[PDB]
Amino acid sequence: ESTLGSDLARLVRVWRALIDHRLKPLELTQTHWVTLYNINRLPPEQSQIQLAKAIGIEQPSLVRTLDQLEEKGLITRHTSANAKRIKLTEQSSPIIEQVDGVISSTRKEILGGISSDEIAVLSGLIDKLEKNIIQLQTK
């Protein structure tokens, strides 16, 4: 109980570290692969505030990250008829699939130990805690 917040942090840190290790060859930063995954997953017409909310970083850090990714030829930016729109490049195609593939099967292996009845109770409890925090931050 007293270490539950820490245990949750460490779990995330250690899950992401593994993904980092598996993605070693591509020479990406952890911020890069998390961003690239969220760019590819998010709907088209959505705002950069919203992209930042999906990723879980502040706007100034998102700006810097996109600059770096543009530099590497993985994304372009475009004036939209909806603020600027982020487009993945053809060049990014193989990297995105590699990033997606590792995230997706890393999750399956990690979940491999436990039952679907057990993750159900886990999702429910994670959601419960989140609700509690949102409520309190509002107050």
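Residue numbers count along the first chain shown, from 1. Between two forms, the rigid core is the largest collection of C-alphas that superpose within 1.5 Å. First, how it differs from the form deposited in another entry.
- Of the candidates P44, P60, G101, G73, the Cα that moves 2 angstroms or more after core superposition between the two forms belongs to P44 alone.
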Given for the second form:
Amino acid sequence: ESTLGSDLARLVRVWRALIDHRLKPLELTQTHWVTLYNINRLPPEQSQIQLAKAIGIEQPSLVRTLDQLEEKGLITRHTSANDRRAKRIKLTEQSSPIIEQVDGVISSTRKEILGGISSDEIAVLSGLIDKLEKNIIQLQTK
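Can you now output the form deposited in another entry? The one shown was the form deposited in one PDB entry.
The next block holds one chain only.
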């Protein structure tokens, strides 16, 4: 009997565990390291809602995580000029050598994983993530 959804959950859990264990020197929590990885790739003109959503945490959690990062000296929250409602999260100068080790390990770990399999598997696999995801979100609106 088919168990594909559980097997994608498991796959992701083990992968995530590999990155966390390799970052164990930074003594950084999974939420914190995933959140930093995400702030760096996304623009400040993203809502905390989409950021929180981009990471896989809800909005009430992101703030606290960002409050934590604020007390670690790693981020700041600049209240906007044309949108006083919003705040554009920015990584602090002192964060580079940290963003640098999180990213290096995420990239390296990915390329390893995608280094013994074929281009066809990777491409066909790559496309579907986007197909399956689009389709599920479509049903979401029913």
